[PDB]
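This document starts with one chain, in the form solved without ligand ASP, laid out as structure tokens.
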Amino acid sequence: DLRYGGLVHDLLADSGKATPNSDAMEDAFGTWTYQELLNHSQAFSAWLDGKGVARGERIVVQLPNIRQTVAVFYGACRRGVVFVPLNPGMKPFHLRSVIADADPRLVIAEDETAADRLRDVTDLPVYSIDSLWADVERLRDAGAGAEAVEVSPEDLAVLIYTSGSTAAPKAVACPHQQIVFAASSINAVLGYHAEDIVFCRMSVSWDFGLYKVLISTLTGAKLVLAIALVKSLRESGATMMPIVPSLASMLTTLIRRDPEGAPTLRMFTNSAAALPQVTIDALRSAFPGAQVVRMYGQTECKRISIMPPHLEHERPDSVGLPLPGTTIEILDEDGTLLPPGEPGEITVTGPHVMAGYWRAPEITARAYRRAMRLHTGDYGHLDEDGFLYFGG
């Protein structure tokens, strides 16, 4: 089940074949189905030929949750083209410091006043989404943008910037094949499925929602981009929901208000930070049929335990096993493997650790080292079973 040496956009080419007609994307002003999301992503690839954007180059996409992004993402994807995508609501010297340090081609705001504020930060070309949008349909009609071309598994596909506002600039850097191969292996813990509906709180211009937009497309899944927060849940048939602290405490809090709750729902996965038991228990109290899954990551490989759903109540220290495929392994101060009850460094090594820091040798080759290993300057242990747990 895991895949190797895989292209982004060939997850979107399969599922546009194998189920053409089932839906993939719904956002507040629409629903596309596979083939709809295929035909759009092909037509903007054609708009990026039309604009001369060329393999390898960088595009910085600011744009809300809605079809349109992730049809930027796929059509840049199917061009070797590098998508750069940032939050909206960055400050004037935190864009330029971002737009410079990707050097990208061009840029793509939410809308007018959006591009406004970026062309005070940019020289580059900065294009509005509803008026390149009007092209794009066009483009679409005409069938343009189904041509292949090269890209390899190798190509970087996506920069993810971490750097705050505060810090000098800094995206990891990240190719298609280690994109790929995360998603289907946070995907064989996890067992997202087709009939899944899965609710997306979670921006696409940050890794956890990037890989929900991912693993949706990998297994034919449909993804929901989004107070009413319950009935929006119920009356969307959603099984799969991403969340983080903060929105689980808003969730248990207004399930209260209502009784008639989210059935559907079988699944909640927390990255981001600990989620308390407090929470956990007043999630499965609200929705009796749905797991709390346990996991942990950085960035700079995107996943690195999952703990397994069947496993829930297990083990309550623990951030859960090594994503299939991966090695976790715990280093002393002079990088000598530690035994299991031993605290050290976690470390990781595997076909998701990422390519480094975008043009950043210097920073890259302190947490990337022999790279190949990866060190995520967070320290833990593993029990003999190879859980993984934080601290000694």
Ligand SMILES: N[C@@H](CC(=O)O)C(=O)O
Second form
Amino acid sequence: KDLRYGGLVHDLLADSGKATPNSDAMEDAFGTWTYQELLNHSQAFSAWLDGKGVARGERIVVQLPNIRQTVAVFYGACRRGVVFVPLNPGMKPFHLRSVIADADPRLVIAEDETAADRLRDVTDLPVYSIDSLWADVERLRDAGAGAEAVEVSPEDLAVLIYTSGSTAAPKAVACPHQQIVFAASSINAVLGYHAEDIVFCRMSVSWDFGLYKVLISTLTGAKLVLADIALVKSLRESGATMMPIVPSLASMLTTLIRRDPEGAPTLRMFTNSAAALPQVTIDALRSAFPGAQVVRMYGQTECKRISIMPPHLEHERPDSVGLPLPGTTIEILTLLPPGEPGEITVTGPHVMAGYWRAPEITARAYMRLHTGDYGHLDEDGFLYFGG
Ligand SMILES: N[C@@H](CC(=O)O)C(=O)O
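Would you mind giving the form deposited with ligand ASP bound, to go alongside the form solved without ligand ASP above?
Every component of the complex follows; first up is the chain already shown.
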């Protein structure tokens, strides 16, 4: 439909960089880049990787907060077939050691010098602080470096997304370009982001919730705001129109909102996944923001997302997590008939390439993804947990 098959991640950027070069693409606490600027810095970073001899198919581990540079690192890596491995700042050191070793990167990018030092205890690989490596990036940007393309297959890995906690064996979903682009386009065919949206994203890009707000904004030409008591003010002052939520973040917002009758009237949508949104929270969001749709979704990192409740149906089938992503199938398992509880299984161009270097774990979950969640479809195709 508007669904993208066979796509490359960095092509999203190249398109918007040319289509709307002067529109605002990324804002963080420190400034704003237009799409041109984002394209230019991503190109520069690609030349920095070339300069360092990081090759197609290799990994970089990047442990950075939500700042513009991280998005440039992401796209610059994609443009060279290099695999982006985003990790959350604040991980415990033994946890980093485990994950870095598993990811097996060519180098590691840290948030600053203190952090670069802590990383150096836990790996022998080369470690660069973003401030220092960025001085080079800016030189390269100024010299116009990195503008050339290089061969990248839609089947090449773009990202590894670690889902394992610190008490678990390291485990990342292995994400090829095609699947990412497709999933972004399929999500967007339901949610309807567009070029005058301002997306307020409080989720780290180390989680696919944030990464896909980078991608969906880039896809549509929207503006992404990379973002505590101040939350309501941030929202209203950014002019935020779209906000991905998780239930704890929604409760906080409804608590905070009673203390501010100016609200944030620009908000038109909240999109919830990761956990079940309780009715009381939904009601409070609608009351504080009657202009906004509250949209239930369900997913796993293994295929990015599984179901979305169409926005226009937000008041119906209160127990459902919605319909399959467009271009994908859900079935319940031996195919069970409607109403019959079984394992939720998923088929489509969003199902990712398995877990990185873990044939054994991959084998049990994976061309059909077995989620280990249980539920049923009703007659219409809507998905429910349990019975
Ligand atoms: N990846 C899921 C959420 C999750 O796995 O926590 C989604 O974006 O719907």
